[PDB]
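Trainee: The primary structure of each chain is shown beneath.
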Amino acid sequence: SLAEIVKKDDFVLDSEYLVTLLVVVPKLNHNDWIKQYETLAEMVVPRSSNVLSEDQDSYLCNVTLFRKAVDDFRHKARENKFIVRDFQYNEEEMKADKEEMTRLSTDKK
Amino acid sequence: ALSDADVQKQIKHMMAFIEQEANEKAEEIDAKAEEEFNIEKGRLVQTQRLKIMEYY
Amino acid sequence: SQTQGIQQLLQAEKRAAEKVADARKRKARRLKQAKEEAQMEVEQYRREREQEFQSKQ
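Protein chains in written order, with PDB author numbering: chain 6, 165 to 273; chain Q, 2 to 57; chain V, 3 to 59.
No lab work stands behind these hints: they were computed from the structure. One thing to keep in mind: the hints can contain errors.
[As the list claims (entries may be wrong)] Below 27 Å or equal to it, Euclidean Cα-Cα: the simulated DSS-like pairs (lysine-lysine) are:
id, chain 1, residue 1, chain 2, residue 2
1, 6, 172, 6, 259
2, V, 58, V, 37
3, Q, 33, V, 29
4, V, 16, 6, 172
5, 6, 262, 6, 273
6, Q, 10, 6, 199
7, Q, 26, V, 27
8, V, 34, Q, 26
9, 6, 240, Q, 33
10, Q, 10, V, 29
11, 6, 172, 6, 273
12, Q, 33, 6, 232
When you get a sec, could you build the whole thing from the sequences and use the hints?
Mentor: The following block contains the structure:
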């Protein structure tokens with residue numbers, strides 16, 4: 165989980181007809197989506213090249229696009245090494261799970 | 002690359018239905034309202050017409 | 003459209019919500035208009051029936 169890595173605002177809260185699909189792209193192809201995002205789908209938000217984070221296995225990143233266009237962008241992007249991973253942020257539930265972990269450790273000793 | 006050109010294009014494309022469909026919705030809800038002032042002019046008050054005419 | 007036009011979309015949808023809400027307010031207005039106006043028409047018809055009844059008496 166990305167509880168302590170990303171923030172609530174990294175996606176479009178109060179989306180009109182849009183979804184910030186977190187299409188994690190590896191480092192071998194991180195430099196490609198930041199220009200191809202315009203053509204990979206239409207009826208989307210332009211200038212959606214903003215990266216979130218960079219990791220050893222694959223660089224965290226996302227893109228905003230129409231709800232029906234999620235299908236089209238995924239089908240077009242899976243061929244250019246753009247792994248799709250729809251992440252959901254939740255402060256409350258992640259915090260609860262971590263607190264349960266710490267509780268279990270202390271109670272276990 | 003294209004700077005604000007794609008911004009203008011796509012944003013106006015979203016406009017052309019975001020506001021237009023709501024405008025059509027408002028037109029048709031005002032049309033339902035039209036039919037409904039017709040209904041209330043002849044439904045409640047018309048029941049009262051049948052009542053008062055029966056009284057007479 | 004990081005912030006330029008997305009805010010415009012949000013504003014347009016807010017305008018849509020306000021317009022439909024005010025259209026429903028206009029529905030309420032004209033429904034009350036139907037109530038009142040038709041009731042005055044009833045009063046007029048009642049006056050006509052009163053006149054005809056005095057003639058019959």
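Trainee: Work down the list of hints and note, for each, if the structure agrees.
Mentor: So, going through the hints one by one against the coordinates:
Between residue 172 (chain 6) and residue 259 (chain 6) the CA atoms are separated by roughly 14 Å; this keeps the pair inside 27 Å, and the hint holds. As the CA atoms of residue 58 (chain V) and residue 37 (chain V) are separated by approximately 31 Å, the hinted pair breaks the 27 Å bound. A hinted pair counts as satisfied when its Cα atoms are at most 27 Å apart, and residue 33 (chain Q) with residue 29 (chain V) qualifies at roughly 8 Å. The straight-line distance between the Cα atoms of residue 16 (chain V) and residue 172 (chain 6) is roughly 23 Å, inside the 27 Å bound, and the hint therefore holds.
Of the supplied pair hints, the one linking residue 262 (chain 6) and residue 273 (chain 6) holds, its CA atoms being roughly 17 Å apart against a limit of 27 Å. With a C-alpha separation of about 18 Å, the suggested pair residue 10 (chain Q) and residue 199 (chain 6) falls inside the 27 Å cut-off, and the hint holds. About 14 Å separates the Cα atoms of residue 26 (chain Q) and residue 27 (chain V), which keeps this hinted pair within 27 Å; it holds. Of the supplied pair hints, the one linking residue 34 (chain V) and residue 26 (chain Q) holds, its CA atoms being roughly 22 Å apart against a limit of 27 Å.
A hinted pair counts as satisfied when its Cα atoms are at most 27 Å apart, and residue 240 (chain 6) with residue 33 (chain Q) does not qualify at roughly 44 Å. Annotation: proposed proximity of residue 10 (chain Q) to residue 29 (chain V) is violated, straight-line Cα distance about 36 Å (limit 27 Å). A C-alpha spacing of about 34 Å is found between residue 172 (chain 6) and residue 273 (chain 6), which places the hinted pair above 27 Å, so the restraint is violated. Only pairs whose Cα atoms come within 27 Å are accepted, and residue 33 (chain Q) paired with residue 232 (chain 6) is rejected, the gap being roughly 31 Å.
The structure fails to meet hints 2, 9, 10, 11 and 12 from the earlier list, while all remaining hints are met.
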